[PDB]
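The chain below stands alone, shown as structure tokens; this is the form deposited in one PDB entry.
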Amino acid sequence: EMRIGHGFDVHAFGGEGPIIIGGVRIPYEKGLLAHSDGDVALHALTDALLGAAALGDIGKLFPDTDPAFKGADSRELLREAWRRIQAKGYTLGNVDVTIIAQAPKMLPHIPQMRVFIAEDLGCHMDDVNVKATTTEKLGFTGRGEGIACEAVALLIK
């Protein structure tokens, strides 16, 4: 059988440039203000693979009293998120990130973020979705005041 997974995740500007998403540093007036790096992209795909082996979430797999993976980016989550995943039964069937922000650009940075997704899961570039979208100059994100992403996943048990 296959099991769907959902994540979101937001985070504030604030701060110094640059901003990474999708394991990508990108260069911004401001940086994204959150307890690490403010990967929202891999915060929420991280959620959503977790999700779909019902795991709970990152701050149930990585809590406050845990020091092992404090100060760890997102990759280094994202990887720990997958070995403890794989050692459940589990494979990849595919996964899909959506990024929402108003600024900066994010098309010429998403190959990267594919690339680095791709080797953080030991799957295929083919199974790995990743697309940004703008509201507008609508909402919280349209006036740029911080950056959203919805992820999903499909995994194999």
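In this text, the rigid core denotes the largest set of C-alpha atoms whose superposition between the two forms falls within 1.5 Å. Positions refer to the first chain, counted from 1. Compared with the form deposited in another entry:
Shift analysis on the rigid core between the two forms singles out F69 from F116, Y90, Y28, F69 (C-alpha displacement of 2 Å or more).
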Second form
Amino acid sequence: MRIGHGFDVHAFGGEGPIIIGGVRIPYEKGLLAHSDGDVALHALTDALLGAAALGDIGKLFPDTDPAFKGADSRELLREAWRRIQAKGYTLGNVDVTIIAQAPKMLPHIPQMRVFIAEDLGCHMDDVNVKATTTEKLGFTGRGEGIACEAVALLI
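Could you drop in the structure for the form deposited in another entry? We only have the form deposited in one PDB entry so far.
Below: the lone chain, stripped of partners and molecules.
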């Protein structure tokens, strides 16, 4: 069994909605990024790559490479997962923590769990996503961006 950890942040910018955990969540502003800026999945991705000792998403899919511009993060999640399984690993379970003052993630978590579980080909019970606020404190507290953390256990 191997443990992995990921972390990611993206600044707000442009018009909404945002894409978090694969779900299109309506919001005033959107998120600035080379890909779709899905903070939730980038963190999950790194956590998986991390546990598999495959590095990180920024080594696998560079900002530099314009092929990744506008990239659907689920697409990136599946590839990393493809490569992870190839190295011989299987999913133990994953946990994700979105840190944002707004929008409300809560109602969207189930659909997120559906997308992720599909993408990893695991049962939803092996996928958990949760959310928290920094109580107005911080760049997140000030609504300047959204951060996310994730842990994974591969077998």
